[PDB]
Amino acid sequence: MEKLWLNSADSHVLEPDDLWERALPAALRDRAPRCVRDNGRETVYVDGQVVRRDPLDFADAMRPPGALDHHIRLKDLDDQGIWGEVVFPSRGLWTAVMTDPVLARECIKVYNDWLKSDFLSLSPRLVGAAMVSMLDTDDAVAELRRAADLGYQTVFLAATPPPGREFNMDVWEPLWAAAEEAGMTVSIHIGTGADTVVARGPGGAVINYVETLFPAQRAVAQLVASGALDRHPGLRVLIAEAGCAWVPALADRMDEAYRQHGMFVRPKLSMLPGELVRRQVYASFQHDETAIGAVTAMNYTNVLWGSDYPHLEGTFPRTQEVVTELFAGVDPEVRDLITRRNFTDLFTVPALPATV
């Protein structure tokens, strides 16, 4: 009771520099994501493409020792008063901008085996997101099925899929089925599948942070409007790291178009966009007070807190100071929904007593 015990729907693991070096067949090794550290600069390379350049200050700001040592991660969880934590890739996210299905498939296979055998094995508190090919449905289905057998509870998809593979297209249907069948949550994490540095004028850093929402919103719109959620009532989707309050907003906007633009709408839905969102679309946030508002005043109950451990955008190391001010004066049942119960609906971890 001397801490508020949280479940985090969002965090990242830094992969071993040599993950793909050691594990891939030799024909693919050089093409895997690798990095050069020189001057103040870390340049990431993927399959003959510079994909990212950061200064070492910011690169290493996201690299506290818990981001590397999984034994320190757990000590940081305890320290933050965090129990459950979903873990998303860092380096493996660049699989989502690969143009070669074979390279992407094999890199993903390597990541999924490492994450389960060398990280998730340390504690049942850690729930892992398995990657699945953004490029080929048969590769993604095969990997999700293989990941389920291994006991994975959720797959990661990039917010921006490859060209012609928008989330409303038929190509995704076999994956939505497999995911529904397997009981498996689809986690779409923002800032992935495309270049995140879109704006370069005055206000660039705030503009770009905003630009990452558009694919998230687009993704919900494509999954609702296409009927994908409607055909798969068991399929539940987590928009991770997008904030929350835009989700009921978008529920209203798709309802207006469904009702007033009825005559141009294809396909028809068994219920309204708003109902599909409120049933099956979850979303995570770190600091956003609007996230409570969406629950109390907009009937959007699918809100989950996340540390985004250990990015700057996240709460670490001030998790307790942050959640304490957010939920200062807030109904205990809503603090519990947002911080604990929505998590345990999506993900299985050992149950804290809700009594303590």
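Numbering follows the first chain given and starts at 1. By rigid core we mean the largest C-alpha set that fits within 1.5 Å across both forms. First, how it differs from the form deposited in another entry.
Large C-alpha shift between the two forms, rigid core held fixed: of 28, 326, 62, 46, this applies to 62 alone, with a displacement of 2 Å or more.
Please supply the corresponding structure for the form deposited in another entry (the preceding block corresponds to the form deposited in one PDB entry).
FYI, this one's just the chain on its own, none of its partners or other molecules.
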């Protein structure tokens, strides 16, 4: 009966089961990501490897219908009061754990074409993330430039890059130049790329959810400390689904090492790590009240709200109730920044009509 319009910096689409089977040549078509949900488990096959074997809860973790039917998804946007929404891959994310650059490149093209033709075509409120090869810089630059020509506003990078392709390495430089030139936002989504750590013991569910942060913090440390962002002032990076309050914490950690350990520090930066973070690093959250304190108390203005539809850790179907609780008693300019404006700085959707 009373809702506030929001924009969302994070959600996922479920690709068609046969997306890659139907579109790839026979040398490639059997090796592309395949999800099986059977007998209370999700199994993912990539290029002859079991990359996931996760329990499901057939009772208490049932997927929203709109995950399975894109017309129910658009009703859910209106019901939740979300206008614009960034859309990341689901099965497509598994291209980041591929070792074959050819399988990666061709699976990425297929995904970027399907997403635009068949999904983004449903509404210009949908802002797609184009995948680019995590394995090969020439392949990555080619696909970013092709995606830019198709109208994509952001590329997805996995939080854990392949071995020897850390984000501080020179191998990425041409992608940073190409992203800056095209004005593409680089969106680094957590929980993607090779597994780094899996908790097995007591508290595993909570520990595993924390462990997915460390690749995101490391990626920010790598981009800032390496001068990648310093050399590319127009390059903006969105850390998707990692929360926000650690970002000013990391700025202060990097400034302390930069100033106190300066005799070990190479390269030199034109400005402090914390200044590059506050200028170019954005982060999304779903429920975290601390994201608001980062803005009001830590001069970190690059916070974006995200629904993370249709994941358990997102807000659905209580988006409006969550955002009411979050912003009870908060300056409406801060609500406007976090829920609408940062989104429209990074992304272009059609004009949100006014309500009076």
